[PDB]
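Form solved without adenine, single chain, as structure tokens, below.
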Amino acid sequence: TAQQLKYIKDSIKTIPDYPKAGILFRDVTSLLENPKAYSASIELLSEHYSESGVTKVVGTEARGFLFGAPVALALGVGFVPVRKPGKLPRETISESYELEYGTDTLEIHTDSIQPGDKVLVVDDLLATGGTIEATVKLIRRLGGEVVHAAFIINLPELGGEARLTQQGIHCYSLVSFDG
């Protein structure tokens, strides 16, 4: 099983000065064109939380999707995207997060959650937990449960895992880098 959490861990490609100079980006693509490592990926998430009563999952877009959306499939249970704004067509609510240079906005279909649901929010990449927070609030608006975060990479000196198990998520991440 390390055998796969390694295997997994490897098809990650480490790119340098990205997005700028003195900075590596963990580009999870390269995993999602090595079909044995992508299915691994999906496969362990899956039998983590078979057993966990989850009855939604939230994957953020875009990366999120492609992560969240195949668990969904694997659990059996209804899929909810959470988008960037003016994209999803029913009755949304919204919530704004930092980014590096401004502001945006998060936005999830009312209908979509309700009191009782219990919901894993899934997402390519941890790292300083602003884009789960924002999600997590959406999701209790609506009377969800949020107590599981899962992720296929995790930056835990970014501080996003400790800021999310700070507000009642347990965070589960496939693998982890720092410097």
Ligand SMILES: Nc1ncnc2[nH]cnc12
The other form holds:
Number of protein chains: 2
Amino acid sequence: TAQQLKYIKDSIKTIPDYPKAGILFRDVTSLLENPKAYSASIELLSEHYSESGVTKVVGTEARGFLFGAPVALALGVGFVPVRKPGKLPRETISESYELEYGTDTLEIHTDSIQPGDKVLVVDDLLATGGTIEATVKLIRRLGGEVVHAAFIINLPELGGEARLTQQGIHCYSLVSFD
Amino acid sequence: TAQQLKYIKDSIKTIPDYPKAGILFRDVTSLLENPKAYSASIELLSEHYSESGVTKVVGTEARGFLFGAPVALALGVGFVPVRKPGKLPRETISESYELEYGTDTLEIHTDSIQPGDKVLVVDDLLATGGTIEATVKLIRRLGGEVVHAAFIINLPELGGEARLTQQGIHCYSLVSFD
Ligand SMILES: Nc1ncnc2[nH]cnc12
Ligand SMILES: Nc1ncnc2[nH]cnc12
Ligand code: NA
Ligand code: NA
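Condition change, the form solved without adenine to the form deposited with adenine bound:
Everything in the complex follows now, all chains and molecules, and the chain you saw is the first one.
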């Protein structure tokens, strides 16, 4: 697993000074285009939970889709998307989350989660944790249980991990950077 | 394959009168949340091309990600995302496409496609075909060859299939509706 983990971390490029300057951007597209690194990352995420009793996987659009939906397929469970507003067509509920310069909302299908569901949330990267906190609340409001959230990349210094802890989420990340 | 196809088509819900009225919306989320239908759809898309010589799969965000990236994983090839502008961090090129009330642009990483690539484009649904035509041009401008585009759902009466034909794309769809 250490060999695999190392190969995954190495497959991720760092783009210095993007968008703003000083910032080191961690770019997962270089992983997506490496078939061994991409399948390794899905294999490790799905192995880690292979008998956690997961009944649903939730991913937040769009980059969450890229890791959430394959994990679901590998676990053999339904995938449920959380989207920006006006994209889901059936009955939704909604949660808002403060961004840096404003607020945004996320929605989920009310039918896609029911009491008893054990839900794994998967996203590409954990930064501040705001979308994931809104996601969690969406799932909990439909009676769904979420204890774990999984990420390819954790950036701990941006505080999302700490933040999710306060909400009672176990965060699992394949790799991390500062 | 007919049993499988039937089960996939049935798993897709139709929402009458969404967004506007009269329109019958074909909602793939009901398929995503059905583990048998979702894995069946990926199995059939990837089987169909299992010795077409594909070296890359391209999907356009966000709903294209949901079918493109698992097909890539199943074929064992790199996934390459096409995104709205300002999301990809490395060097991109760009293509514009007329929408109903305006124009939008799509971008791709210039490094992710090279001469010799045989590229499959996968999306959830083919309607008018405008995003897929822009996608194709992006891939062809980097020296990449695309002959096939695959979809879960074809809505032929909206003319995208006809439109892609004129650009020399073989469209393969699992199902279709009017
Ligand atoms: N350094 C970083 N790389 C990728 N995504 C981020 N989101 C916030 N900071 C980031
Ligand atoms: N009827 C329909 N269902 C889903 N997506 C569409 N895009 C255009 N028409 C559509
Ligand atoms: Na419910
Ligand atoms: Na190139």
